[PDB]
Amino acid sequence: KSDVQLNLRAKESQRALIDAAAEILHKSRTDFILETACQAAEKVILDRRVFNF
Amino acid sequence: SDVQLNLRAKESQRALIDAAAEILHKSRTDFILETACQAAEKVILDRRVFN
Numbered sequence: 005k006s007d008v009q010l011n012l013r014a015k016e017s018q019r020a021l022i023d024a025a026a027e028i029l030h031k032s033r034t035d036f037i038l039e040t041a042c043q044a045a046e047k048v049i050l051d052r053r054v055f056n057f
Numbered sequence: 006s007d008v009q010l011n012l013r014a015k016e017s018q019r020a021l022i023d024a025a026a027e028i029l030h031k032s033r034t035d036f037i038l039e040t041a042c043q044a045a046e047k048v049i050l051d052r053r054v055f056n
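Residue numbers (the authors' numbering), protein chains in the order written: chain A, 5 to 57; chain B, 6 to 56.
Mixed in with the good hints there might be a few duds.
Derived contacts from chain A toward chain B, CB cut-off under 8 Å, selection only [to be verified]: (1) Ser6; (2) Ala14; (3) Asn56.
If you anchor each label on the Cβ, the simulated ranges turn out as follows [to be verified]: (4) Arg13/A to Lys47/B: 34 to 42 Å; (5) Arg52/B to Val54/A: 30 to 38 Å; (6) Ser32/B to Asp23/A: 17 to 25 Å; (7) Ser17/A to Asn56/B: 31 to 39 Å; (8) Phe55/B to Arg53/A: 33 to 41 Å; (9) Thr34/B to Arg53/A: 19 to 27 Å; (10) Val8/B to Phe57/A: 38 to 46 Å.
Don't read these hints as lab results, they were simulated from the structure.
Where is the CB? At the ideal position from N, CA and C, for every residue including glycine.
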């Protein structure tokens, strides 16, 4: 409903790498990508808004 | 070749990624691929030691 389609141009070598990891983790490619990117994003934002020393 | 990846995401996910992409002055695409490729690299190397 509220959802969005985010469309990524990517190098075929990158798709291959991500697919291999998703297979190891037994995750959909989308789940692997979004979980990793959001995890990295929270870190970036907390680094700037809280762990700013 | 170059390829196309469609990701269905939550709007709160897109909003979060874009906020961090802006902070780093990086395109959303570059932020997402770079973090996911870095994580993937890490995943295959920890698997290789299991074998």
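Verification of the supplied hints:
1. Using the Cβ-Cβ criterion of 8 Å, the hint placing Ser6/A at the interface with chain B is satisfied: the shortest such distance is roughly 5 Å.
2. About 5 Å separates the beta-carbon of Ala14/A from the nearest beta-carbon of chain B, less than 8 Å, and the hint is met.
3. With a cut of 8 Å, the hint placing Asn56/A at the interface with chain B is violated, because the nearest CB-to-CB distance is about 12 Å.
4. Roughly 24 Å separates the CB atoms of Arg13/A and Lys47/B, a value that falls outside the hinted 34 to 42 Å.
5. At about 33 Å, the CB distance of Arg52/B to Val54/A agrees with the hint of 30 to 38 Å.
6. Range check, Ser32/B to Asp23/A: about 22 Å between beta-carbon atoms, so the 17 to 25 Å window is met.
7. Between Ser17/A and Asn56/B the C-beta distance comes to about 23 Å, which lies outside the given range of 31 to 39 Å.
8. With their beta carbons about 37 Å apart, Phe55/B and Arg53/A fall inside the hinted range of 33 to 41 Å.
9. Range check, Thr34/B to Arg53/A: about 24 Å between beta-carbon atoms, so the 19 to 27 Å window is met.
10. For the pair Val8/B and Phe57/A, the supplied restraint of 38 to 46 Å holds, since their beta-carbon distance comes to about 41 Å.
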